[PDB]
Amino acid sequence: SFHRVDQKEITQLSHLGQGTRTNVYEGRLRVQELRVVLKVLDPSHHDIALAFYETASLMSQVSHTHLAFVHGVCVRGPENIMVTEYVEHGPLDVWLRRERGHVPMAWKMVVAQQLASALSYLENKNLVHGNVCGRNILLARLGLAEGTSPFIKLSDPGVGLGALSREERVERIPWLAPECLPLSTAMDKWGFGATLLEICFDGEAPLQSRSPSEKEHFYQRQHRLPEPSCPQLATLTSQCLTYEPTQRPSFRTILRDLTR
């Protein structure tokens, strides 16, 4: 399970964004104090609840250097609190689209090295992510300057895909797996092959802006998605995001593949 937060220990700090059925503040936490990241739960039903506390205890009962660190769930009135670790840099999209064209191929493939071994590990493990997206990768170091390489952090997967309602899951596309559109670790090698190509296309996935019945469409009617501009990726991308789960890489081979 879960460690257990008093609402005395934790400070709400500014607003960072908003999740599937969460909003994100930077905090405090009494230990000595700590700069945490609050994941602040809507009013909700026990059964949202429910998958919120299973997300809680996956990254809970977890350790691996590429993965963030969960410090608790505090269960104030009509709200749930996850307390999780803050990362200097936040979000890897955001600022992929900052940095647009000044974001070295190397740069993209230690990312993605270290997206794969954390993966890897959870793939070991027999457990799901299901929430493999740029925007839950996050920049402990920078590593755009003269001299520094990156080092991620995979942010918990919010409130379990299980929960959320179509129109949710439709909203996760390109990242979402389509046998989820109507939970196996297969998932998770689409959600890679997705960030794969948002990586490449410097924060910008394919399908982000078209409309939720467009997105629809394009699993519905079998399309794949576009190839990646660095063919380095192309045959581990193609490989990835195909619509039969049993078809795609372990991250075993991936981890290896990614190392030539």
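Basically, rigid core = biggest C-alpha set you can superpose within 1.5 Å across the two forms. Positions refer to the first chain, counted from 1. What changes on going to the form deposited in another entry:
- Only one of 220, 213, 65, 232 has its Cα shifted by 2 Å or more between these two forms after fitting on the core, and that residue is 232.
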Contents of the next structure:
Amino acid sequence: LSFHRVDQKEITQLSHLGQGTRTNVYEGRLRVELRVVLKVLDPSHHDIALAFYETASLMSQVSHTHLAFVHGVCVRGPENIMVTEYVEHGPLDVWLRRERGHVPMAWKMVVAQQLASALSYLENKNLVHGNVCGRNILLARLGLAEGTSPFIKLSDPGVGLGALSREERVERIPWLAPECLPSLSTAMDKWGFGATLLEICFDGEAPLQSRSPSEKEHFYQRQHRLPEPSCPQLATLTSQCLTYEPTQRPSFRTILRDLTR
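Please show me the structure of the same protein in the form deposited in another entry, now that we have looked at it in the form deposited in one PDB entry.
Only a single chain is listed, so you will not see partners or other molecules.
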């Protein structure tokens, strides 16, 4: 396990941004003053803290234009804090819901290509993200003004999927791949991408949102098909990604090629 150790003296904790899986998220400063995000892990069992370090270790060996940077881990008393990139306009799901009306199809396709390019890179390195969702897509540039285009960053997955409870995996439906509800393959990120595409198509509203945890579980148990976008070309892709059999999902090379044409 390889990650930088950040001394508590080098960080300043600012305002609460919200909550992640077993975390409290804050804006912060990192003395080098760099604007950062601090993911403070709740007091937890060693297994959860080990899964949290494993994410920081995974994020430290990769580099990509559309992957949010991890500066390291800070231990402040009994708290584990991952120090991460501050991305200006924040999570995409929140932005899309707040942003009046819908964004253009062309804007949505750029975000989709950028995310597919990041996942293509992890696929080639044989590395699992395991938490692909609108909440984990961060908006660096709005790209709404003439001549401009959006710029996203896929954030770290947080506490690894292997350490979470069945309740947390259920809360993760429909982003969570169905084989993960009861192995850790890159196939799971093709499902997460497919569910993120729908979530973006539906302006930050994810399918099965209003449903209860037993309804979500039953939906995957009865292997019901997720909704499709109106565009037949996009419909083919999202249904191909959102295939229950993981070996039938397309590679990110194919997904990226399909998205560009």
